[PDB]
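Undergrad: Given these sequences and hints, build the entire structure.
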Amino acid sequence: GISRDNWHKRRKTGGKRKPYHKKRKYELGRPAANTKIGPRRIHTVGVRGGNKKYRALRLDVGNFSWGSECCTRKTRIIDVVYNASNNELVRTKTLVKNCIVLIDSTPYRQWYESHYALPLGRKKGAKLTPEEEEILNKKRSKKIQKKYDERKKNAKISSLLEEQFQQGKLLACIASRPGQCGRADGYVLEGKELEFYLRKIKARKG
Amino acid sequence: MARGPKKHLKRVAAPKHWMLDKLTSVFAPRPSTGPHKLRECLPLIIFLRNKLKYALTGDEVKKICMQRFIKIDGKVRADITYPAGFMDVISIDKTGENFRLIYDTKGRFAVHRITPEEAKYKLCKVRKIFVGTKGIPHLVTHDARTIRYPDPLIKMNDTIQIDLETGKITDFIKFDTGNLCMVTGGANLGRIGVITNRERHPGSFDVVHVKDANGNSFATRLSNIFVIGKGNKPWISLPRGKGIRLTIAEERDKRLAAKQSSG
Amino acid sequence: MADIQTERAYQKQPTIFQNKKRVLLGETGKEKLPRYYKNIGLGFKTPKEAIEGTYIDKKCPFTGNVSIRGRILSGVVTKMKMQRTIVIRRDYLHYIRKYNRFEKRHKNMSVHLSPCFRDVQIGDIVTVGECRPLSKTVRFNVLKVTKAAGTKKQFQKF
RNA sequence: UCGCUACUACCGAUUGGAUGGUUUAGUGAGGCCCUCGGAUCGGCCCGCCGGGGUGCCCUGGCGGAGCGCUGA
RNA sequence: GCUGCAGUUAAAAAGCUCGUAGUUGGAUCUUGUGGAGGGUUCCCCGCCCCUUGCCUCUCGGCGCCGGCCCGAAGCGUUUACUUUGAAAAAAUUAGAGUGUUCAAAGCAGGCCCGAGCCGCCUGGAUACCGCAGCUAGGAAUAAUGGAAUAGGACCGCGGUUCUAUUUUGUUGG
RNA sequence: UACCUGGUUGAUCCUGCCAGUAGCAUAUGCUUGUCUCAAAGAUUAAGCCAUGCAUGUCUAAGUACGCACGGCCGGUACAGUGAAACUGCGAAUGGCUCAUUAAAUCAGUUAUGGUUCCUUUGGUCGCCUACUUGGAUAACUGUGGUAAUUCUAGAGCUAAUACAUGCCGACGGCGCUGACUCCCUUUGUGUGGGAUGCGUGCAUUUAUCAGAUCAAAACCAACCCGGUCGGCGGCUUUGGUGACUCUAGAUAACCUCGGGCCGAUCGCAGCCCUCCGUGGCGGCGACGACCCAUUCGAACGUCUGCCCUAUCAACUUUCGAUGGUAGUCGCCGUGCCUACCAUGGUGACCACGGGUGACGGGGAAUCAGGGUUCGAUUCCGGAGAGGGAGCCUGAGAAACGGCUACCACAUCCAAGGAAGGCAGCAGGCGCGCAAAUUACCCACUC
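Chains as they are written, first to last, in UniProt numbering: chain A, 2 to 207; chain B, 1 to 263; chain C, 1 to 158.
Below, a sample of chain C positions facing chain A; criterion: calculated Cβ distance under 7 Å:
1. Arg8
2. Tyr10
3. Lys20
None of these hints come from the bench; they were simulated from the model. Ideal Cβ positions, reconstructed from N, Cα and C, are used throughout, including at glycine.
TA: Here's what the structure looks like:
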């Protein structure tokens, strides 16, 4: 119906070619996923040669990663901020490859606190002392220090990172096609990208 | 016509090395899918009534194959058509006969009878090396056998002897200059001669010179060469003719010399 | 180099990561970027200029994804007026067997040009090679540029 | 030149007629996708009986309640 | 009417000139001698300076007595042309074989034995395939190429800068 | 066989055309003994169609309580033969037509390192239920409706390699945590063992790491061996291509259920029991399933090749034209599509436009040499089934011997409705100068 033909469209000279063969099943469209954020709705689509293709509508979880220290945990996908293909897609909260979105930022802290033995940015130390100090202080004899010594000075954590934990959000990059895969996935922004997209955000809105 | 795959091949579309006539009807057998390619096959039924003449109609072959007197590559087959090609062994155990499919210098599949002892193995070219899962290797051959754990110095364009009984190759030949080779396709076909020289081009369609024991030099593409044994010493039995590739004048001279068309 | 972004998106090479390990360079140092390149094979050589320089382009074969496989051809420059591509020409001779004469015919083709080459001028010989499609009228990329023909680009004293 | 017959082409009022294809705008069948919709049909919990077991349990048969929760 | 036409008078050179595309374009850059194949000088190795132009070498063979020699590796500024290979569906066509009763065809068929051989022998060639593309040899012919506001040659030296990761058994400064 | 002859004048020599001459293929007239081979509604109307037929299918081996036949008596998987019905598979092959179609089709040449692939062939096959789980449908039995259809309702039964579920065996698997404990330097750090936790097959998606060897020395810090109570000599680790972000490996995770895999299936014939029908196991098949390879292909892409026309010379663009960047979609590559941005692309070497009684090629007729003309048509490729569009099923179709709608036709009707597409074989009407039997048969060839 809606098709992805190539026997339409002008040649280089501005010429036209007269109608040749009728539309066929291997040149075919099928309308866009237009996936949002919400409760999971998945549809299974039969596709050529078999080998079913998953189309995801309204995901709310993706597997992001923090490849700086190589941990990857499942985290909720809150809202869109920047979509580098169009401005309109952000307004209706459409989710596609290479967007910039927000997450809860929760397990990354839990991992950091247990492994590097330090909290991130904090409102107050009063919260920590009755519980959440129980993990941070430890009763080991022998391997209070012995393990943790090797973790020291490999946890400088950068300025633009640390400030974001306090808000409870982090900026990560969709590196999947949700409409073809059936899953959202990605990597979290680091380095110069994370400097770049801040400037685009503050430029465009506000 | 086409919307999917075809299931007919006519008489006149079919290759000329099956030596078909033109006064039986429009269709020809067409080999069904298998390890060999249809411009290199000899379909089974063409061996049984257009060569050896046991059968006379296609319905007779259907009554023969069901009885399970036929084998191919030491296993039992039971259909009108099977796509056996170069270097396979047919085995009828009731008559005590064994055949081999190999090329005349004319370039067509002949009758090359052999001892049953010879018919316990065949010679197979290596074409591709492919590392499988968890650090295990594979071979790929033209008869489409995947033989795991080969020796780690065997590479493509070599040939390997396979025991039909147990698989799992016992020995091999290494591709080297001065080893004896047979041709399997192209304009030169059925010629036997040593390698002599190689030629390489980065890209594709490298060629391979050849010379025989009649003092003639010729060349062919790389991928039409098949190794048969070390220099002037085949590790297989050879038919009459022996890759000489006589001119037409000399062939005339032989026939009028023996005066041979009667016994 | 220090600016290579003008898009609404960030530009970078695949197969590159930014580590956050160690901290001590003093003033400056590693630009926090190792360069990516690869061999092309077939007796063609990567330019020094590619490995030195900084550009992000995915359609050149010295950096980005695209192979050269199949044919290899030549041509000549005729025009450049487009960004990250050029136009070229192929002069050749068509024969007629009723007559015993030839006649001239030419076709024109576009082909993509790397930001690596920037010494191109209109009239240089160019070499190209078959590739997978990049665009509607681009199927090729440059492998090499040369000048080795009459009325050279600069005075003889080289 | 003018007069006589066969015959062919052209111009032409009629703003000719007929048939076919393009083209702006409006209207728009049918299917597909998406978002809703819930006719309707079941399952599992509490009574009585049958079987097994420790007034109660499991399973089967039968009825009724909330039709609670749940699937199609 | 390319091979192969015609234009004073028979049908026919723009009134005349300039002019871009197109087509076409002067001359000029190497010859003799022993061996081998064919004559009585002349047409695969070498020699005058050159001879398939060079090196540089290093890794895997051949040698000869650690030391030394020569095949494969980059190529001779680029093309056309010509010559050799590769790769080309069948039928048709040319064409070999075969007594279809001869032929148009066809791909067959021919042999010795009373059957007592339980068989023997043999064919189903070969050629052609505009182009364009792939391969190797030739260097005449026709295009294209270089140092004249100098850079070619040699481990000739300086000045200046960047970088390679090998070795002091290993791992770090 | 590389050939000419008649006709302008009173007569002659030219120029030039007309006529004569031979072949080929269509029609037509007249005539016609015997023998073999055989083209045949293409030309025009890809006009329209009565009737008949042209695609179905069971083995020892998916499912047999047909009140069928049969039985030697049965059912205790249970018969032998078996209509019907569910299930699997095919119906996308062939046959036919030449309407569309001028860089399109198609041919030669190349490319998947840009992809998909039923099937065959070869490999892949263990991290109050398991002596076998769950509940309905047909045939069948019985009652009906409609003018009419290969229409269809209601009731009562009963199956599975249909449908929906889900163990066990043999896990004595791996890394990182380290309750702890022991020796020597409090610690740190050098040590040896260690309970207790979580993950630990392949496939799927993401991030990260590795994917080694070049050329030599001088001292200092931690250190092996040849060996000693501060210092000398000796080592270093997958596969493949011309070339890949390749192959295989490691780490951290992701998991699709109703929507990855890892057998609750069927048929032949044998055995062994610290031993008496169980607990065990062996051969031969049949079917199914996941992945890899293979075969048959499919789909896009490279270079070169085209008939007539200028009384067609400028064409193409936000109704994407050319390119850049990102995304969507798709089996994949790609302005294929969308957003943003640039202003390009093509042409006197004939673009663009128009015409074609133009499907293309392998070829055919004529022919000294060079050519000219034809190619609907038996082989190969393509396109289409009254005209348009959409879609289901499947590995493969935008299918018409499938479906839905519109438009042009045409049929039946109780006027409520219902049914149809001969460019398949025959046959009829029409059209024309113009073209065959409503025959016989699956024996050959497939």
